[PDB]
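Presented as structure tokens, the chain that follows is alone, the form solved without its partner chain.
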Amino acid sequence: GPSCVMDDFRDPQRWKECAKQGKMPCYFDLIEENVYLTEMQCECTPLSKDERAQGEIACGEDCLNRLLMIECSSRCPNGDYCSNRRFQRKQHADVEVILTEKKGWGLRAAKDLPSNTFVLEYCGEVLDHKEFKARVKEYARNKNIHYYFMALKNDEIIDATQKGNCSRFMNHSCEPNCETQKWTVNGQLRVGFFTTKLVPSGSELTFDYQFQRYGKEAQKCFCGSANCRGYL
């Protein structure tokens, strides 16, 4: 029923009042890039102004950085035209955070989303395996209901329980329309959501959770798909 746009989360005090009434999810620390709890160029021919003006993608699907799921930096041959700097430029798709029937809050497209469209980066606190297991028990002790863990690399798990952005609201489906992709940005790995098919406006954005924390009971899955696994 209730819904809200990405920008409603910039203002903290207005947010806590909307949350106090149930028109926005509960407060968390909004951040722009991953926070660690313990701390070359491509070959694309630069585009001329004509081909720029008439609609040519700079650093298209044949870009060497894009192929290795590396993002270009400042020094790219196309400079400002580079379409391969989506994480750094926060070129996120238009999405809204909405109340679902029983999964809690969720993400839905506010515009049509073509296939293999960048949706959002999944930000949060990065933990090693020791910190991760520490919080799994802190969160079972606090009877948390929603969990916000995302596998990044060996000895790196992303935890958006406390700090993150609106990507933390994407819910599970056994028949998803999104996936995670790991991208290198300045020598460092981040993960983001990408649509795996055309998502029509209004439709809820979902991906297929593949995380193992386990023990503390299992959660039933309300995705409502034809072939639902039954649980998360």
The other form holds:
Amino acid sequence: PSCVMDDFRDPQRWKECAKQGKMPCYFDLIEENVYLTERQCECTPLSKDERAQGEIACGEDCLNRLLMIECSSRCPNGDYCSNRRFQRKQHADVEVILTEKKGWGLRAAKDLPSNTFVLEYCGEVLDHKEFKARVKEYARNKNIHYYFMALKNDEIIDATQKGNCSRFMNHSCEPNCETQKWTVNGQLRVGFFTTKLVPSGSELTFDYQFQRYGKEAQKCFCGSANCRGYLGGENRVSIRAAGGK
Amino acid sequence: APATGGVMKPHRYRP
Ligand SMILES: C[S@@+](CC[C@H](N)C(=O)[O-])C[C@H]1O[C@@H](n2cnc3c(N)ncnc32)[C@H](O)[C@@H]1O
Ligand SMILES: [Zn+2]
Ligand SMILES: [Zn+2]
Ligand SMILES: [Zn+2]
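Form deposited with its partner chain bound, following the form solved without its partner chain:
Shown next: the complete complex, the earlier chain at its head.
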């Protein structure tokens, strides 16, 4: 049982597939972060000719790229800037699938070169007060899966109620993906990038480095030879610490 | 109090 990203674009069909167990449970799909309470490069423009030859605009040597800042619309390379991935939503070809013990997860729908942008991890951005409120609510509902992602000390991204398919990436003690923090329009975002060549059909995983505040830690089914056995590891941390202090 | 829960912590992959 698996689906493509566009199956998530039609809430009605999504909803009925969910009742048949054909899609994960419903959540609100959003194209970019939403704050619960609100708060140029030096590349030489690529010639028309060099672009037909297939050269790259804002490639490895772009100054914004190297600092993990995306270019604006005012970029010297204009429409041709390749350093706009988050804003252009140019994600990897990825599928959502039902795993054996982890719930739903993400699968590569074709070969993914090393260091390929996968998806942005989007959600409602929480401050400490909202974080703690949601901690309680989720504990109280008895949620199994957890979606909190530390962004910066006062900012947690909560993908529980709202987000995109990124909320499905499972943890692995030997992951093929990693988080990167990218600056887009003065604002900080997180996205997943492959850490190596990922053959078509393989599950996409990252290392959560999970900071667990719960009494009991969830067991890890990653199946890695080095598996640490639990999500969050050995230590339990305080809620304030998990939350960034 | 919470039986289960926690936060995913972004970090760069190092081998
Ligand atoms: C960001 S979510 C991933 C989406 C989730 N699999 C789902 O079906 O909604 C993280 C949750 O997935 C589950 N999970 C992820 N990786 C796991 C692993 N390696 N072993 C066991 N459970 C895992 C845990 O329940 C965890 O709270
Ligand atoms: Zn550039
Ligand atoms: Zn650019
Ligand atoms: Zn593991």
